[PDB]
Each structure stands twice: as structure tokens, then as C-alpha cells.
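In the block that follows, a single chain appears as C-alpha cells, in the form deposited in one PDB entry.
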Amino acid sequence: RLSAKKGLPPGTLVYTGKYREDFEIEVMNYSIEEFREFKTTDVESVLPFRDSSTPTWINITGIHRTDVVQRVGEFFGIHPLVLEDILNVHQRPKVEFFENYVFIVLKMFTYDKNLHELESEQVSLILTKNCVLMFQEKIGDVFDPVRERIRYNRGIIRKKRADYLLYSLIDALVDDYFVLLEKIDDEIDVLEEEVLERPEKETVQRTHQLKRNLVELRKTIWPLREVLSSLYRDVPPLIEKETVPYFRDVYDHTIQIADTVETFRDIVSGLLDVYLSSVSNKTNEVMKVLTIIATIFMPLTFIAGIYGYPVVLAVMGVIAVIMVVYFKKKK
């Protein structure tokens, strides 16, 4: 549903999401020499991989299938509290370190331009033995470049173990926030136009909309930085002075992303005061126009009114040009 699933016992596997469309399993098992890869929708087929001596990346898509999550969960010996965190998708990103596995929760965003609105999808990962278990809400992810790298043997991914695969997955995900930040920079640039130039009713709507989107963004990003901070200065089954430099590089991007997001909160928050000033000033002009038209034709209509002749007209042009050369000392 949404943020209530109340009075249920601790271990209860409920998908609180909204995507119940697809379901797919996808394995990739690889070594320095060779690699295999397949999709199935039968779970019992991927369970043997728990015991590979070679890296495997099991990617379960469509976790609305709580049955499936439970089965994989029990088989790999994952705590029910963890499985529950997998299936509840309104949640702090986070990392927890257990005996024989690392658990990570991350968000993966989408921004629709022009209908200025942003959705997220939760991704969970579990490193354990030679496996990276991945859990997703819906088909469509940012991990495609990583598949190619295993498939077409690019980079060093094939030489390296399962922890480096975790790295590689996290790095693909963090990098995507750069795409997202670029799109948001464009809305900001568009919006600081309308503000001091197209003053309007729907212009104020979009400002607030962006501010709101930024707050949501900040809410994910700051714990995301903490995730990567934790992965970097910590380290159990992450082959150490080996992969640690790589986590640190993602940690760095994380810090960059956080900084850029603060920068936007900052720029945007002033934006309304810029609009307020653009409009109060458009008021000032309307006022001046009213006031000069008023200030000449008020006495002129008065002296023409005291009745009850080209010397009246002449006084009417004298006190009319001493107005206009007084609104040459302001206006």
C-alpha cells in the first residue's frame, strides 16, 4: 500500500510497493576464463549457484513476488528482518553487516522532464559468498553497462571477485544520479528565467514543485553518502587493499552529488524572493503610471472646474510642464 502495514509481527514479508507488473530472474556467473548467463522464472534453478567458487550476479526483478524472496532468503540464510527490509520500499538507504553477508539498500531515480515529477525504485543488494543478490521492483535498470562488461570481457571485472561486482553495481547506480542532477540543473536554469521575466500563476507552482523534488532528493542522497562512507572505512569480506580504493572512488562521487544537491536547495530557496521582487516592482510601475496621470489631470480638471481664457489655458500648460519636469527627478 503506502507507509502503514501496522500490527504485523517483525518477520512479515509484505511488498509495500506499487509495481506488480513483471517478474524475472537473471543470473550471470563468470570467471576469468568463461561466463554463462540466463533468464528464468523458476527459482529452484538459481539456488545451486549459492555454492559457486566463481562470482555470480543473481538479479531478481519484481519483488512483489514475496514467495520468491522468501525462498531465496531462507536458502542463503538471510535474516527475516532483512528480507522484510527488502520488500518494504519506503526506507532509509542503508548498509548492515552480518556474519556472512553485507546488506545494502539503495534508491534509483527517474525524472520526467516537462511533467516535472520524480519517481524512485528501490534496489537491494546482498553480498554473500560469491554472490551478489539483487532485488528490483520493475524491469528497467541502470546496470546494463555492467552486463556488457561481463559479456564482452571489458575492464577488469572478470579478473576480480564478487566484492568487485558489488562495487561495480553500486558504481553504476551512483553514476546515474549525475544524469538526474543534469536534468534538474536545466529546470533550475529554466525557472530563474520565468521568475524575473514571465511572472505568472503557474510559475510559482513549478518553483514549489522543484523545491519539493529537491527535498526528496536530499533525503536519499545524504544517507547514500553514509552508505558509501561505511563501505569504505570498514571492510569485512571486501578483499581489502584491493577493492577499497574502488569503493572510495564511489564515496567521492557521493560527496560530489551531496554537494551539488545542497547547491540547488540553496539557489532555489531564494527563487521565490526573486519572484516576489520581480512582481512588487511590476506594482511600483503601475503605481507611477497611475500617479503621474493622476497628479497632472487632478489640478487641471480642478481649475477648468472653478468655472464656475487663453490665460487659463496658459497656466494649465505651465503647471502641467512643471509636473513633467519634476517627474524628471524620479520616475
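C-alpha atoms forming the largest set that superposes within 1.5 Å between two forms make up the rigid core. Positions refer to the first chain, counted from 1. What changes on going to the form deposited in another entry:
Rigid-part membership between the two forms is shared by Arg65 and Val215 [C-alpha given to the better-fitting superposition].
Annotation: rigid-body hinge motion between the two forms, rotation of the minor part against the major part equal to 8 degrees.
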Second form
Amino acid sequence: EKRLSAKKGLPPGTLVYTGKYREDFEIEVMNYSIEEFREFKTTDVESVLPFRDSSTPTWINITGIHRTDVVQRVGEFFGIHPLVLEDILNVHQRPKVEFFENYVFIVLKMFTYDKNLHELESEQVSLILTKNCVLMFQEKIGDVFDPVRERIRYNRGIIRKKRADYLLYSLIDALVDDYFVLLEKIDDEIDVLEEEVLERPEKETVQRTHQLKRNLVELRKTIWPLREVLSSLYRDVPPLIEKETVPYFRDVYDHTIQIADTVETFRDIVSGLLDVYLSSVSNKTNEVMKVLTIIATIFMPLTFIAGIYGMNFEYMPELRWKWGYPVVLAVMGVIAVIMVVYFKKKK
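Switching conditions: you have the form deposited in one PDB entry, so give me the form deposited in another entry.
Shown next is a single chain and nothing more.
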């Protein structure tokens, strides 16, 4: 209803941004050949539009898809189907490839993990590969893509030698790689949490356990498709040159499996955290209940006799007598002493 999960009743072609980031808008362009390169930014689309006809590889990054107007304008110019456009704009959706005639279309998820308050956020990056362009579409400023920029700029690696497909591999290889980062953060979280779980009895322990479990589920929900998307890229290939670029997506495929597995491992672990915790607590109850028993179980028989020697009659034998009070205190010290002897097994 409000800013989550619903644009409803709108026709099949409606361009609407569903995410939260309306802040920034910036349009980056990097063109390159083996010979030379150029880069620029701008806030005007009419400058970048002519690159669709380029003979040389081009990476056009639109940050600020919160502007539906520029997404549309570009979609139209490169001839992107309106359903596809709409997918780019609706950022709540699963990861996918859709191959078309003159183009490939890809929807990926970048993540961010804040430790301290433990939570994750996800930005949607959409890539379109057509002709010589990779069109990028982001929500906000910030991204994992920088090493690629450096690779182009400082001529490191093979990127300069290759055409646009290997560039889509470059952007996808970065995006996938940052998941390892997120995963390191998360195993750190796991270790911390199992320490806390066996050794540190509070309820905030439970709260954090649960938080990690959800963060893990959302992680997987985005992850398994992400694996299939790479899986598809590997087995089909309409404009992705074979004998050059194929083993490159394939290495991103092995990554997305190594990752898909790692979150599984994570899951099987975190599931039994809470069991370990129940085992910590009901074991802590056991030791308390043992203390209260020996405390109660010594003083309960004693307070009884001390109460039968405080009873008022007349006619009573042992009150006058006497020799009693030392013999009574004797029997008391004796019975509590055989209690403590009886407890040489327990605690």
C-alpha cells in the first residue's frame, strides 16, 4: 500500500520507481578502445545518447533511476522494450536474465551489511548489453564497480583488449565478488553469536540470533536465482562471444555456486544456535535448582525440630529435664552434617 511491494492496477507498461532512494542523479560514461579511452559525467542525457552507435565499447552508468524520465528516454533510444524498462524501475523483484534479439537484459542485487546494529540493505543494479553499450542502472550513489573503472582507466587487465560482453562480465564479476565480502562479515557474526550463545545468558542473545536468521533467509532468496542467472549466461550466449568470453562467465558461475553453498552451510549452523542456547539456559536452571534444594533441604528438617521444642506444654518431659539443648544442637549439627555428606555427589 505505502512504498512497499505495490504498484497495482497500473497497465503492463508503467514506468514507476518502487524503491526508497530519490536523492542523487548522475550519468557516467566511459568509452574505450585498445588505443585510447575517455570518461565523463553529466546531468544531461542528450550527451550520452549518441554512444548507442559507437564502434568502441561503452559503459553508461545511470545513477538515479528515481528519475523515470531519463530511464524512459534511454530505453526508447536504445529500443528497450517497455516491460523491460518497467522491470528496471520496479526494484522489488528477483534476479534474472532475459535474452532478446538485439539485446541482453540482467537484473542483479548489490548488498550492504551494517554490523553493530546488525542488518542488511540491497540496491538493485540493472544491466543492459546491446551492440557496444553496457547500460547500467542504479538507485543511489555508491557501488562495487570501482575496480573496473580503474581497470579501464589505468589499463590493467584484459578489459582494454576486449569488446562489450567481457565488459558485462567485468561488471558482473565485481558484483558477485562483493558477496564474499558480505559473507566474511556474516561468519564473523556467526562466531560472535555462538560464543554469546553458549557462554552468555541474556534474551538479547535470542533477538540477535533471530536477526541473523532473517538476514540469512533474505540473503538466500536473492542468492539462488543469482546463481541461475549466471548458470543461464553460461549455457546459452546470444551476443556473448564464445571462444573468448564464455569461460569468463563460467568463473562467475563457480563463484555463485561457492557462494550458494556457503550460505547453506551458514544456515545449517545458525539453525542449531538456538538449540545450543536452550541447552545453555535449562542447564543454568539445573544448577540453580540444585542450590535451592540443598539450602531448603538442610534448613527444612532443622526448623521443624526447633519448632517442636518451642511448642507450649506442660506437660513436657524434655523441657525441664534437662541436658537437652546441647543434645538437640548436637543432633542438628549432625543431621545437617550428614546432609552435606550426602551432597558430596552433586554440589
